[PDB]
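Quick setup: one chain, the form deposited without the partner chain, written in structure tokens, and binding and motion questions come after.
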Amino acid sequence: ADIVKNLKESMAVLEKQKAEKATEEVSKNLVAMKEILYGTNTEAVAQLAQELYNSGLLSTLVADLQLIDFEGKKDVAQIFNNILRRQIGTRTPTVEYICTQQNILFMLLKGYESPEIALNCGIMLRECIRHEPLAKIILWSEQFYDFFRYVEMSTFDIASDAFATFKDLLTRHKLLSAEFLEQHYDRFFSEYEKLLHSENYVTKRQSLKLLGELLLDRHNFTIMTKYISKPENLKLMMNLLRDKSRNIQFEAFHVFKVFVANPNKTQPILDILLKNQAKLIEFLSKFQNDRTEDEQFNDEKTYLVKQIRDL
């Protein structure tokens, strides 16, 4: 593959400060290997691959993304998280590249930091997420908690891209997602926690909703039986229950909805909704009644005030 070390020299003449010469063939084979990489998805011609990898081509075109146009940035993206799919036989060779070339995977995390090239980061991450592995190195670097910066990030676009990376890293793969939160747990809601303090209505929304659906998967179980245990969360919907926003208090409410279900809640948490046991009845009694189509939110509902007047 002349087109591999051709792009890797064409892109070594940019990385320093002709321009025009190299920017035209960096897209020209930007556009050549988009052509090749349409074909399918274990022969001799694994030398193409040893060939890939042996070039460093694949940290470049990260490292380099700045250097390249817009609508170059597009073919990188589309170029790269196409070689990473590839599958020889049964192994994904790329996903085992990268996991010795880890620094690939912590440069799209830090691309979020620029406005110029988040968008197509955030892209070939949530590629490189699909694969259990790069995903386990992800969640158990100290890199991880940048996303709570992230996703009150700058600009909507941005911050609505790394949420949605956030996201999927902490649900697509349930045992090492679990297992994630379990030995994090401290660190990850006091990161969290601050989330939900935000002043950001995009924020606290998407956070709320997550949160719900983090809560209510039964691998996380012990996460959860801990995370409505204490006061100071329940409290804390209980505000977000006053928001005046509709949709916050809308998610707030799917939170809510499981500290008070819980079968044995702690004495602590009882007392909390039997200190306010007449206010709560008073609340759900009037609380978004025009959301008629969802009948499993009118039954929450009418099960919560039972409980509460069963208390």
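In this text, the rigid core denotes the largest set of C-alpha atoms whose superposition between the two forms falls within 1.5 Å. Positions refer to the first chain, counted from 1. Compared with the form solved in complex with the partner chain:
- Looking at CA displacements between the two forms with the core superposed, a shift of 2 Å or more is confined, among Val258, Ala49, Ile272, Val31, to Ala49.
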Second form
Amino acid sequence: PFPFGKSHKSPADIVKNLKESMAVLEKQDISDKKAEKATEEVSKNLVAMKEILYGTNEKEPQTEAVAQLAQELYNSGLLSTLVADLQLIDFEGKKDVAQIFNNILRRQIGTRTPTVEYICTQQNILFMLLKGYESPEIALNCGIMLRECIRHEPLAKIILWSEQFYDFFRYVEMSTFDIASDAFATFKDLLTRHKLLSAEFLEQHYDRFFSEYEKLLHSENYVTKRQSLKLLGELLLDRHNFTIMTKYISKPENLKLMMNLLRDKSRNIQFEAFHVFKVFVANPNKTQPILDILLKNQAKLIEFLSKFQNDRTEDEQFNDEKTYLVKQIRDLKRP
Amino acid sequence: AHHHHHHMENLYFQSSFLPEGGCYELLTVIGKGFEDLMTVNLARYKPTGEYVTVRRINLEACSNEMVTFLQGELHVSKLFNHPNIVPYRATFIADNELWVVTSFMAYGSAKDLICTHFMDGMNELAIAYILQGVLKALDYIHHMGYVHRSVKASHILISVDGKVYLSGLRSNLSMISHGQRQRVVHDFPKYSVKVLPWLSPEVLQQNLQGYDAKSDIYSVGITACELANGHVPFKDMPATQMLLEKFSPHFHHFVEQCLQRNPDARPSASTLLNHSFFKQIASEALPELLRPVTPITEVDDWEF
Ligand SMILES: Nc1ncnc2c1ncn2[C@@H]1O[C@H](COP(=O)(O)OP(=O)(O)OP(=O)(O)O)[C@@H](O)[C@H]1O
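Could you switch over to the form solved in complex with the partner chain, since the one displayed so far is the form deposited without the partner chain?
What follows is the whole complex; the chain from before opens it.
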């Protein structure tokens, strides 16, 4: 590769160059050389933009260059175009888009966060990133970008209140485990980061969410079931979700499921089932159908709990919890 | 708004391996790792008959932290694409087990080669070809803002046609915190008891100054000694091997450069590639240097 020199270019001309090269790539009816040329140019411009924002091993980023670039990026709609056309970009440029996007997104003038403001005017960016999970070539980079978006509450809210959020229940069970894992990470972050927002989402969408969530707890995928059961326990024990939790632990069919998951072949699964089961029983205001199930299996539960993972030896919380549940269930009187 | 929605069809005339257990017929165990929890199998990819490697770990024997650590490897390996970094082809759950499929390297690892034949260490020309490939890989990994953290002979694989690949991506660690590169990092490599002898003093002395990419450069040197002698320095030595950590002449100067106490004094992988040591120099020179090794071509149920 013949080592030519690099000519310096303004942020404005770089944005312009990329805009024109992206337009070429979107077209089908161009020669292989014209497509190749545009491929090389997109790649080189993206490297140039990245270097303005992160600097190099020798130079740190300078604020004037950064501010010109962000401005130009917002005015051109290229933040939208690069996400929309992500599939058309080379392997390393796709990673460059993610890095550029993430850096702009963290940009903060005073208390304000201008990129968040911009994505609120341009919300399909979020939905294009989410849809990216369905395409193996762009999924990981979309995931990285989306996970940085949802750090900001307004952007988290847009996704949580959409129809498209429920697509996650498909994505987390995808047979390519690297992408399924990535998607479950974003899904868990959404439900756990902005706890007030998440509590409101769960109260307002209770029935649809837990209907979908119930399916995850029946998954033929071992990790889906293990992870989902764990997240469930962490969600119900959170003080922000008290209202949701009291609804959940009042339904007979949920107790049935937890009781069954206590008899799963997986030691891990039955332990994470315990974390949810314990809450149904600790509850002082148990409904009749709940109270009926505990009295029906009173002797069996006492016996089961006495011999339940006894080799789990220095978890003092688990031991005391088991003691408490046995007392509670023993103290159940039939009126 | 683009005109490439015919992409599904645009290619698929070729890629990925099917992410399904049934597609693989397990043959021999070729290796073992992850604290004895991973079995490395040679396999036949049924749809092509082609040979591949299947890495299998029982997730039931893994803590939550161990599962997180493992999912990190899958993330990092899909970010990397380089001629000297081992490609990953598929990753899926075959239930209760994580299966990770990579291409099969028919000469195994540099450590395998040492054990099967070169027990007294490899010839010097071979070491130059091998360590050049490792260095190209490390250069790429370092430019990406990562540290490897487990460069050793068993993490260097050699294919049927003499290509060298760095493996061992499970231990890779990002120095990118809060969207920015950090000059030093402080994480003690989890589940790396055994990798200790290849570790630089500044990675080992936890709670002190911390480390960067030049720690990998020290591991290159230890690996050079491992490849020359057939044994790693400080083997069988107690944990406080710390204290002691505190052939052509070009080879010697190569090794002595990697092994400098001061990491700031150590050269980067890119400038190390310009070192005199590699002047003696790839996919037709190595198979021959590896001669005569031949590769093969209680309670009753609830009532409701
Ligand atoms: N793609 C491959 N082709 C051929 N052999 C392989 C391949 N991957 C792994 N092996 C063999 O299996 C051994 C163990 O695999 P690997 O080094 O990935 O496990 P590890 O958990 O990193 O090992 P340890 O815990 O001992 O450090 C390798 O040293 C090598 O001999």
